[PDB]
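Asker: This is what each chain is made of:
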Amino acid sequence: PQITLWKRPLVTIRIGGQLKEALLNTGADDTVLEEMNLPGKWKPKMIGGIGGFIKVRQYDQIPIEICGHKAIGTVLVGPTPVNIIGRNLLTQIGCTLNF
Amino acid sequence: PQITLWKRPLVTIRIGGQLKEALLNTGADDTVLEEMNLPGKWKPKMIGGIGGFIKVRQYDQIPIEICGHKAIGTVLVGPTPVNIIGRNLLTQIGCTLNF
Amino acid sequence: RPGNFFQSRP
Numbered sequence: 491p492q493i494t495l496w497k498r499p500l501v502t503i504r505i506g507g508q509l510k511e512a513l514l515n516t517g518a519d520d521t522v523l524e525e526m527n528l529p530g531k532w533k534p535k536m537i538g539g540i541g542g543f544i545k546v547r548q549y550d551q552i553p554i555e556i557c558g559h560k561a562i563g564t565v566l567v568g569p570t571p572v573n574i575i576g577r578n579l580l581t582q583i584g585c586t587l588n589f
Numbered sequence: 491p492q493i494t495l496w497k498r499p500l501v502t503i504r505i506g507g508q509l510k511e512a513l514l515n516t517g518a519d520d521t522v523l524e525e526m527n528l529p530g531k532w533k534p535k536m537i538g539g540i541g542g543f544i545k546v547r548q549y550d551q552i553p554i555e556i557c558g559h560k561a562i563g564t565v566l567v568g569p570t571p572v573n574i575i576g577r578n579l580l581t582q583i584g585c586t587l588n589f
Numbered sequence: 446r447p448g449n450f451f452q453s454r455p
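Residue numbers (full-length UniProt numbering), protein chains in the order written: chain H, 491 to 589; chain U, 491 to 589; chain V, 446 to 455.
Warning: the hint list may mix true and false statements.
Straight line, CA to CA, 30 Å or less: simulated DSS-like cross-link-like pairs of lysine-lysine [as the list claims (entries may be wrong)]: (1) U:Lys533 with H:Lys510; (2) U:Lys545 with H:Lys545; (3) U:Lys497 with H:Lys531; (4) H:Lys533 with U:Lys497.
It is worth saying that the hints were derived from the structure and are not from the lab.
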């Protein structure tokens, strides 16, 4: 689809079997989801932007579905204000910015 | 243009007479610029990011040029690490997300 | 460096 930007670009995702809403964020290098249980090994990481940094758990090579498109890549989990799909997965689904 | 997301979607902007680099950011409601002296009336505001909140100066009806496209809109000035063009201005330049 | 520039208007 082509998504206009009058409202926040929120889409349905599937992660670890559960359905969630997430924000498509071209201003994020990586993908970070709100606190949840995920299977697998993880490592701690800091990520940040406006307001400083938060500590997250980094899971590698996680399958995720974003608006009907399957992707696999790194998913971070931690106390983000909202679920955020960043460039690392946007590219997987062929997402571009157009104007 | 069609801008892919393998790299940060950075563009040149022109504001208050100055050329700057900025990030096209679908995950920002608002446009937030690094500290600078801009003329005009402003109002204080708090905006949220990944790590918490920052205080910014809110300037309304500011002319700004984004990758060649003239716009007039609200610009927030404060301690963001990176200049960000948010949805208030992305919509004025006709930007969409496509996949 | 910082890399996640989510931004919200309260």
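Asker: It remains to establish, for every hint, whether it holds in the given structure.
Answerer: Comparing the hints with the structure gives:
1. U:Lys533 with H:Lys510: 36 Å, violated
2. U:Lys545 with H:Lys545: This hinted pair holds, its Cα atoms lying about 22 Å apart.
3. U:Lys497 with H:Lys531: 27 Å, holds
4. H:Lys533 with U:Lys497: 24 Å, holds
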